[PDB]
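Take a look at this single chain in structure tokens; it is the form deposited without the named molecule.
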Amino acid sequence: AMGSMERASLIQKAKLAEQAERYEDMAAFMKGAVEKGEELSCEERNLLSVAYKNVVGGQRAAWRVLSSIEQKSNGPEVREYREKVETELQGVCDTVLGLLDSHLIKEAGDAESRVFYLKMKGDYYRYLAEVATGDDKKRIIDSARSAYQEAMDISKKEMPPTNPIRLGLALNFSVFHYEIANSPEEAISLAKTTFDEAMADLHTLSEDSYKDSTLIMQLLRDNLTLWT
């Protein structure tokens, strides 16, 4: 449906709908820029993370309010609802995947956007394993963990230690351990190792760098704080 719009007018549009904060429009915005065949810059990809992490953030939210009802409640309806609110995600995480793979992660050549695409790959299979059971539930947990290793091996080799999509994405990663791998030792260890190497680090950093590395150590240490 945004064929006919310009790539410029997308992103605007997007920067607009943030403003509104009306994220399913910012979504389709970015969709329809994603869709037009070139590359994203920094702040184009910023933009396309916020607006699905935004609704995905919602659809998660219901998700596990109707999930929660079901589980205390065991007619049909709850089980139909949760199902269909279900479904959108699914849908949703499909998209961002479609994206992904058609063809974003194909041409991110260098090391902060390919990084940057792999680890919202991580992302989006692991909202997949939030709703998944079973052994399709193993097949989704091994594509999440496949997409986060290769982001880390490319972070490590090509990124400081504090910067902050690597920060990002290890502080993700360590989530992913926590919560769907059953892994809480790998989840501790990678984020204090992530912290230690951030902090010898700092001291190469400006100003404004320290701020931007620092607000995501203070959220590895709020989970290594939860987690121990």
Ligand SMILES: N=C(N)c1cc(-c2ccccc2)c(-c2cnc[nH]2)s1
Contents of the next structure:
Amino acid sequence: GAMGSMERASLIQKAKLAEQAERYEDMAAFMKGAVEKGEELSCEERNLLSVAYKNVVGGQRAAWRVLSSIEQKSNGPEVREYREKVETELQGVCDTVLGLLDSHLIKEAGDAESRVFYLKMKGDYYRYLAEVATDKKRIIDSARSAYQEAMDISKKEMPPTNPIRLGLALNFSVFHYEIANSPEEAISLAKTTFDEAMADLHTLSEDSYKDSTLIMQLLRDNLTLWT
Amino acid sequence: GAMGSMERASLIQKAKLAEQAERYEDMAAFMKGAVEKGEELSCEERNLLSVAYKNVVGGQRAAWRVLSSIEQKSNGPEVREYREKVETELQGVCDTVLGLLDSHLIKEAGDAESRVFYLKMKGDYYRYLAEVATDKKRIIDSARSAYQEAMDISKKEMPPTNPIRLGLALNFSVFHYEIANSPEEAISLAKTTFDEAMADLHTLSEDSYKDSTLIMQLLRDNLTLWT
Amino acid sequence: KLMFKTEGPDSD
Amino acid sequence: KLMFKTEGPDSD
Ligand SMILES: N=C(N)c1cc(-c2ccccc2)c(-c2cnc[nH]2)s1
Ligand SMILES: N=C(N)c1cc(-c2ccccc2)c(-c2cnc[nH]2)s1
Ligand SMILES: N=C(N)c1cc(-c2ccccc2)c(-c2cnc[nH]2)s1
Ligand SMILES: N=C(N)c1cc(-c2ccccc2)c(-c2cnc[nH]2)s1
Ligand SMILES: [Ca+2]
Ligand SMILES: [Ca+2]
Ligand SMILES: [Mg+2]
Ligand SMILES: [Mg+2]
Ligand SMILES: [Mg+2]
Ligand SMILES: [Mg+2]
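Rather than the form deposited without the named molecule that you just supplied, could I have the structure of the form deposited with the named molecule bound?
Following is the full complex, with the preceding chain placed first.
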């Protein structure tokens, strides 16, 4: 693609500059270029990729919800057409990210920290497709399948305080609550995840403790809304 | 262009939706499409055009300053290249806006409220080019020329509380301070503008009073920083 | 919509 | 940079 002529190291440096500049579309394009070099990503580089696309799809999701609300209130073709324009652009970002995960980030990810991170991302981008889907059942099952594989590996290979494992459980619990219409599964997963993390905190340094408790606070925030 | 097939009314409706969705690049493209229909713009439509492009170029200016600061601290080619990429995209947005003003918004604008609004915009987009220019003298003179023509018409045809006249004076004073290196001219213009507005407030309804005092507060904010 | 608490940038 | 107060959206 357009980044084929730039050094991998230059694409990563420019991703970090684009982040500082709040240029998330540029950041995502630089990280897509880095992934297409074909080398595995480091932990820092995986996080750059995730932050870039999360910011991009986050803008699109926020816009889609504003337009969907207006469209529902309105029930001229303009509101539907513009909601459909934003929806298609969102689907294209999800398809781009799922494309990178399947070509070939997941298949070359052997360590638990890489493989769980990428399978969580695959679950998250299917979830974003599911949010706008009205094939919806098959998209939901794709999200569930990715999250379940990531959960199985995380429970065998990572301590319960591992921030990737915690973020996975957080996002899978929100999948259950509002995509799968399984609020009881969401609450059960959030509580078990919180309680098992609480009991492992004793093992951590000050810096790991801060990283784990930050995500545990998001589980608590959801449980407070759900109960 | 790409908006040639959409009704003017549909482009304006979608500009307002894009604004609600914080989709400012879409908002700007819809308003460019409306301008290219060739009809004059209403007061509401002129404001949609201005808000859309102000939000777009505002993102680019903020990004450019972040990258320029890093570049100045750094004195590899990556920081310069990426600052140059953002700078070129910013110049292209300014050239697009100046293109709409010259083809043919200014030449068909006969009422003071339209003609001052568009000549202020022409001054503002030359100022944004001047911010990144290093031809810089000729760009600064283009900005000055547009602002001075707008000021001459505003002083003859608009009351001193007119919010367009006030915004013009505010922006021309900032042009003097930090583009033209004329801080004394900036302060003099801001003070005279504030004092003449103060003395006309008595003529206004509650709603016009609120609109005028909001911009007068921006003049005061600058004078507080400058003195 | 009430959005629940997911991991990473709260970008929506 | 210290930016001064210009008219319209404070978008930068
Ligand atoms: N926004 C970003 N640039 C980053 C977020 C994280 C991260 C933040 C919190 C936890 C795990 C990773 C990065 C990182 C990973 N290993 C070195 N740094 S970089
Ligand atoms: N890149 C991918 N692996 C996929 C994208 C989409 C999709 C979904 C919605 C719109 C555009 C593409 C998939 C899909 C699964 N069921 C139906 N559509 S699979
Ligand atoms: N962001 C926007 N949609 C607008 C800003 C202004 C405006 C706001 C303040 C003063 C003058 C105009 C609009 C408008 C003009 N005449 C009817 N409405 S629309
Ligand atoms: N559209 C317009 N009227 C202009 C754009 C530029 C420009 C400026 C910088 C970069 C690209 C275009 C102008 C110019 C005036 N002096 C030198 N360059 S005039
Ligand atoms: Ca559309
Ligand atoms: Ca570049
Ligand atoms: Mg490997
Ligand atoms: Mg006319
Ligand atoms: Mg959110
Ligand atoms: Mg500003």
